[PDB]
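This document opens with one chain alone, in structure tokens, the form deposited in one PDB entry.
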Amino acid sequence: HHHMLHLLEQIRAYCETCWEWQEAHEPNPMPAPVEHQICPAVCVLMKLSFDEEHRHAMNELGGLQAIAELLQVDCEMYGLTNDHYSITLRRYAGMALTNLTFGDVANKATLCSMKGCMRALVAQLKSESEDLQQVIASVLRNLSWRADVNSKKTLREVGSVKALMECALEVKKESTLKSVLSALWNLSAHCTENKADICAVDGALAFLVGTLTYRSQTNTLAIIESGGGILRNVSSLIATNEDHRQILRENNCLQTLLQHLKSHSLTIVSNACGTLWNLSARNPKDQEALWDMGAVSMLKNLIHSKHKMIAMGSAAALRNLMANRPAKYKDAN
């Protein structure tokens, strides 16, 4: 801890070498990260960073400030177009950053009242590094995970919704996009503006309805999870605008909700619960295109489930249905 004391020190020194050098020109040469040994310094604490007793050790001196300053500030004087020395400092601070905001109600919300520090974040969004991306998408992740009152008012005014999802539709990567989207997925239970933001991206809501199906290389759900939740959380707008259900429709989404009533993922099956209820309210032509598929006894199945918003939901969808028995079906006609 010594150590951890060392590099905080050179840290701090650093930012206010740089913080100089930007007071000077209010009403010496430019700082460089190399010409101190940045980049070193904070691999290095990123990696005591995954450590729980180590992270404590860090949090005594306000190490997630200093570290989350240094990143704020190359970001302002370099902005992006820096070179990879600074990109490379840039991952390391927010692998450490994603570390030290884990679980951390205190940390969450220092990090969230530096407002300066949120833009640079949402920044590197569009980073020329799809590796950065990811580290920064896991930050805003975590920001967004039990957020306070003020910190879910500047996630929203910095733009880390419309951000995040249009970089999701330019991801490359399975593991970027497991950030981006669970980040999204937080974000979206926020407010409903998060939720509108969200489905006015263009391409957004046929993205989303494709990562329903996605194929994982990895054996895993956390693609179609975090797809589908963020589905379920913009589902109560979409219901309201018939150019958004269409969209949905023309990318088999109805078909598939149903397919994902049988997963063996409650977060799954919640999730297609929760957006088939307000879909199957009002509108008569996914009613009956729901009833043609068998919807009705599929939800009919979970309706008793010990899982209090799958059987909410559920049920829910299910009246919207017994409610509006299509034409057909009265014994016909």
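Residue numbers count along the first chain shown, from 1. Under this definition, the rigid core comprises the largest set of C-alpha atoms superposing within 1.5 Å between the forms. First, how it differs from the form deposited in another entry.
- Only one of 173, 126, 84, 153 has its C-alpha shifted by 2 Å or more between the two forms once the core is superposed, and that residue is 84.
- Annotation for residue 285: C-alpha shift under 2 angstroms between the two forms, rigid core superposed.
- Core-aligned CA deviation for residue 37 between the two forms: less than 2 Å.
- After superposing the rigid core, the C-alpha of residue 61 moves by 2 Å or more between the two forms.
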Given for the second form:
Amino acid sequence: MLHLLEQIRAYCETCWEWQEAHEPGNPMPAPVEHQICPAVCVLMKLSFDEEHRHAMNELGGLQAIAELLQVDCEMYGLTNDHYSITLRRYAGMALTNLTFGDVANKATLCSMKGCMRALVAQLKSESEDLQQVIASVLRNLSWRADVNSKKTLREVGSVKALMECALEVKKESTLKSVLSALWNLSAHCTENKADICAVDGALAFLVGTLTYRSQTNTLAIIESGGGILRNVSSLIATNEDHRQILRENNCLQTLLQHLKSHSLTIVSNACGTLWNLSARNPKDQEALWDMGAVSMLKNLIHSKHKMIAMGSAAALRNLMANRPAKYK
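In place of the form deposited in one PDB entry, the structure of the form deposited in another entry is requested.
Since only the chain itself is given, any partners or molecules it might have are not part of what comes next.
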């Protein structure tokens, strides 16, 4: 047992004293001089083992690491410093592991409102490795979040920041984390869904994910990207402007193409998106009639999968209930 918590708690005190003296209105503490980055590197690597996590949680090691991340971001901001990014990366990684599978640690971290503002701020960072880790923290916090957690996650503007961040991400590891969090947050409330669509170029990007050539022979990004689209497609149905963006990016053809997929989540997201999209719009209804959607949906009603069986039948319901004039 090494109490690097005490070192970090002591380091944060020095930074807080400095912040009190140097308010919004001389020499600043540097974490290289106290060996903070090697100290947090250890605490990051200890958080993988759940026995050490049990020790960390009683002592208050989540707080201390969240205090460190926060104060460093507050002081130095969006820097490209080797030491300052790595410090935050490991801090976030330890926070990813402390938040994992832990109802209490999710609730506390979210209630630490200053740290959450710092977290969201770091998505505009030029380091995509940090973006990936910050997304990973936000992903876990958005997973099975209590009322207060969900409220604060919205409060801080984490959806808009994640979606904006997602548009400029160039790595697939990063984009996987970013979309996972957005998938979670999309299921929280209707205002989150509204915010995802409110961002410019956002819906267009999400149609792109459906036909995304992955490297590394994996489907996770198409699963999560379409999974987001499915959640928000509820509010897309009542909005004509957004439907037009799906039309012009060949969304519906791809959705019907995804019904023939070997992945089971892809097919599920497709059926749920078509469920929402097949209601209330004559032209998209007629479009799907024309594309052979009715014969495609009839295959999938006898599947041993609650949400493929429901999704296909609920969508097929809407199509048959609003049959076009041509088909008579």
